[PDB]
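For reference, the chain that follows is the form deposited in one PDB entry, supplied as structure tokens.
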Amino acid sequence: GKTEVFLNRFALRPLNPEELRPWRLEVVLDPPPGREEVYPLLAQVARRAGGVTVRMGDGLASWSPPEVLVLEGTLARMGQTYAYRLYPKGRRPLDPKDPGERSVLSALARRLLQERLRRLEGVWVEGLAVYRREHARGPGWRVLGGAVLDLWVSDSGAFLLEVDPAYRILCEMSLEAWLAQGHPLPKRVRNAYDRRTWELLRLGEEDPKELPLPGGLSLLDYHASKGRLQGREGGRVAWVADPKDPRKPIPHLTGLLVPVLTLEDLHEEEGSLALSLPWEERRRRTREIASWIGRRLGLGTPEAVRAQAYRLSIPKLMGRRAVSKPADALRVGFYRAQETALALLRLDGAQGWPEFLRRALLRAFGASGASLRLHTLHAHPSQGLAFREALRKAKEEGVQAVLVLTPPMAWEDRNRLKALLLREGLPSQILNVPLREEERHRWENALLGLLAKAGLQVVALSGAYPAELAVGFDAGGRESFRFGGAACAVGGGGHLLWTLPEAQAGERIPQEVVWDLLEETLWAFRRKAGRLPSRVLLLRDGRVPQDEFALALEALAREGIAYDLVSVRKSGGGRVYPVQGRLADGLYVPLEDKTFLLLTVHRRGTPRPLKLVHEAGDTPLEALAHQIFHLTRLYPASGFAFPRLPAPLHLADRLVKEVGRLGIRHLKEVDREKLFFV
């Protein structure tokens, strides 16, 4: 089922001979740099050298004649001087096809774009972003409309412009002025005189014209010397820290800093905060900006790139009988059923089950295979030991899950409770007390949650795919698994299960935690399906390096099971627009060779497609996406809308956020098949 789409991408003139072979230059430093300061230096050499020059491995490359370049000089860095000397070595062929050779011609490209944007006037330029419109306003803050840009070289050897509309948030106040009129201290702050940022620790009381700095020179006097106090009024002392060592406090003046605002627009003298846009309005705005930018780039007219898209088959979601969203099963019956025993704990004003909720479940179960039993919890949490007594009995009386009716709780308490009950072997769902059965979606979801935690498989996928087991990995340390993380798997009926890496105190071998996770997963599966997966689908947030998966990919290799490793990123797939007609769910867009885009959802703004990369395996992208897309509907606690990410990933994401704030210890007997974290 083919179709073609438009990317927020525009083709431009191919790289002429000149641009085809950049100039190369040797770089001699003084005093000798290091092995950790070496590369962070070259990037600076190319900068002081001027022109369109970039670091090309050992030395730097350039689209500028060595004439315009300052082929010799000095450079400081954290209070250390340096002396360099550039030597042309003529030129060197370069390849558009070659992974690496391209990367250079693209870096030059961004630099080419970088220099053009800086010479534009009447525009707020920040990096590669270009802002030009008054959109919102308010007590000293203004949200400007603009676009985030990017120019790189393609496989063909042509220029590629990337455009996508965006809003920037600017404060034309100054820390002092900001605070001076009833505003909290911002997390981050920026220099009024330049572009660097810092972490704002705390305000100081030291006298600005007295506080001495390395040397003896006054704090104030130090800035004034540089002219950045002219027309400004550096008030109180403020303490900040560099985003490299957020521990070493540095002195700064509140009058020379500017708060880094973040959607705290608390008034609108220009407009509503609607910072989103509909797909053909932004598409329109894209074509424009792109035409403009390309206009003053001088790279020729921008050609929007058409791409080959495929329409993936809609998934058949079943409960007792076919259904659309999970919430329907609450009336159509569940997929796999039997007696569950749900207990009720009320932490508000009265005693029983709100009529509707009781009838809701009764019907749901009546609609599904077997029927349920409904207990109430006699003890309140304050009764201390008395409470746990009733609990440990109800855990034996069958109760597999608790439904908590209570007013909003500070997460301080919300955690206490869930922790207790859980260590007692009782998953729990909360539902805030002021509740009217008008709010279908709210209690309905609450109910769907209870049953997912109770341990029921609400819906399932009618069919078979290449991988019987799909497992998603999520880490708790954005960088890697050296601090743990969890995993979630689905595949089969379709029974979903979670897994947790045993508790450590320090750092663990990243690639061992992952094997730790995968094997535990395969055991729970074997022991639950009696079979060992012929093939596995491994999903990851591509946040972490790909080698942390080495041990496991070789482990599976010694068990005889085949796999595919796919990395799923939520950012960076740009946008996709329908040529003519509307777009549908499950649009599969293959791009550069091991990558593709997935528009898993739509049904307000513009869908943000997922960018996936097949890092290992051999099954074809088509079958991969088809399956990943289908996994999009297996999320238990949705009921009224499907998530953007595949159930395994979306599950691990929320399981790593729970273990985080609850306490991995208490996760004693909790069946690895009762999704307590949803």
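Heads up, when I say rigid core I mean the largest set of C-alphas that superpose within 1.5 Å between the two forms. Numbering follows the first chain given and starts at 1. Compared with the form deposited in another entry:
- Note: rigid core superposed between these two forms; among 73, 572, 366, 560, the CA shift is 2 Å or more only at 73.
- Positional change of residue 108 between these two forms reaches 2 Å or more at the C-alpha, relative to the superposed core.
- Superposition of the core reveals a Cα shift of less than 2 Å for residue 613 between these two forms.
- Comparing the forms between these two forms on their rigid core, the Cα displacement of residue 38 reaches 2 Å or more.
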Contents of the next structure:
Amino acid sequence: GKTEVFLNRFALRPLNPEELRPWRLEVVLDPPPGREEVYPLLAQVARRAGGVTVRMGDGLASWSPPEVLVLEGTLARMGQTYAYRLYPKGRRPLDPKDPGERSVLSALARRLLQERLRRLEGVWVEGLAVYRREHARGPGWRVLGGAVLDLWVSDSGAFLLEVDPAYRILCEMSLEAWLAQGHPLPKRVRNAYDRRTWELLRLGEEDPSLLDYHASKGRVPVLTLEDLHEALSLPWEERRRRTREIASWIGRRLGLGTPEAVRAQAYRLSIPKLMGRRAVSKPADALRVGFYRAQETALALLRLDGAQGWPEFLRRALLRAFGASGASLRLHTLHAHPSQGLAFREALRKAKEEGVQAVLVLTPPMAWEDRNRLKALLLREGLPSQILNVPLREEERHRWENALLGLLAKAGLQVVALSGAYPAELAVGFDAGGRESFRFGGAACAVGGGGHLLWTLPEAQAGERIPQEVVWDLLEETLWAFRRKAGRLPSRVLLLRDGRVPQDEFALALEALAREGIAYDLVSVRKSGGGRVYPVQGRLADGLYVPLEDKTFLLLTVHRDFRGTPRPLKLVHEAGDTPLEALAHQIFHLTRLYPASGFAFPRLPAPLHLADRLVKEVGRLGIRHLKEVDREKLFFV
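Could the form deposited in another entry be given as well, to go with the form deposited in one PDB entry?
FYI, this one's just the chain on its own, none of its partners or other molecules.
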């Protein structure tokens, strides 16, 4: 399975000696910014200065003659108005080899690209985006299509051009006109003079000088989700097609040479052997076939509508599943209503006492906040719950079948397990509570084996805490849970993190896995930024592994339709001595272990996928000590 592919990266000309050694300016601000506003300002100064200049260190580097740049002037930020000055401390050499420096060069590259689009006649430009054609139209509205662009500097002092087809929605109507016809509100609006997106509160029932003002000078709402249905995406061949063009058109007016598509060797990883009681292609099939390992169960039904017992096909469905499945279950019906107060609560008490592992709630669509309340409630009483909206016909097969898969997972049932041998016996994923680092908590889920998966929540608080400890705590708890549920501590773990947050935040975490004598591989997953992958000949397979530079690579976990193009994940092996194929192979296999869908695997590997849902759910509900629940009950899916 060795194929060759194109990347939406285009190789260009090697950076000359002047571009490698940009000018270095010193920056003097009055009054002194302050530790965390200085960087934003320098950036905001690089823009004022003009030319191809970006921020480098505490002052900026440039590619435009220091003479042509605006050396003095003023600017405002968060209230304060500052005065700036620039003093040209010569040319400083940058080394593409040095990642840090390779970053100052790359920046200038974006500024350069951004300056060239700025001067393009007859073309719409928005940031680094350029729309060169009209794709759609209609009543005072239209879609322009082009490509989001990017220009960075190679690891070998060369230029790189990234291209990716994109669409742009533009309102042809004006603020009034729009409001006219009978259109609701617009969150953003941009002047008809300068494209300054703006947050408008509403129409000002005010005065009539405001008019003279504009009149003296001689002198439209931005849209998002205000469009009637008469397809935003593109199929890979078409966006592979539009890429080549747009790239050949743009490169043809940047004066850096012919863009040369960068080829790369890929590999078709092995198909995952997904297993229930018998082989199974998608988790749903476990319902007809039978689960891998299935404990007895006891499920409760909570009807919040008018009806009474279990809709027969549901009773059947289950009874048929546990049938082919090893053990058998026992249904239950809660005879209380959330309003019944202590009555209802005491009911959950009996429900959990009498065995019940998870409740299935049949109810008309629930207003967001009512939903969260019921779930938190049932949850404190230690009962995970699956909601299935009531208007339900038995041909809505797919919908109630997911509800069931959820119910079961919420009950702690191992729907399907992966048949085979893998490097890490335990793969745990972490997702942060504070976006940029685990300084403000986070969560983590793992998948092992038997083949059982579980979840973990940070040691209670609110208030900062050394990231690394927060992180080791997450891994520490996960290891424990794995013992009391399998009896044995894994010999090799696979740590998956969302890449955004730094890395050494896992340092102490690794230190411990060291002392505790246990193997490990630390891999970072980035959902976006892995460009695109198009084969040169043949079709686009699923499960493609494409090694890039040192220890980083692109994996394509899915390709489930021919009306869109897949978005490969980028992965970087930052620790461990396991061969990249073994990793890719395991990461690509952990994609079939998500139990809540059952008709389509998620793009990410289940450990990271479950991590995020556990976090969003921890926020949506108000979990602090949801610790009455067994860690193998996926209450958050």
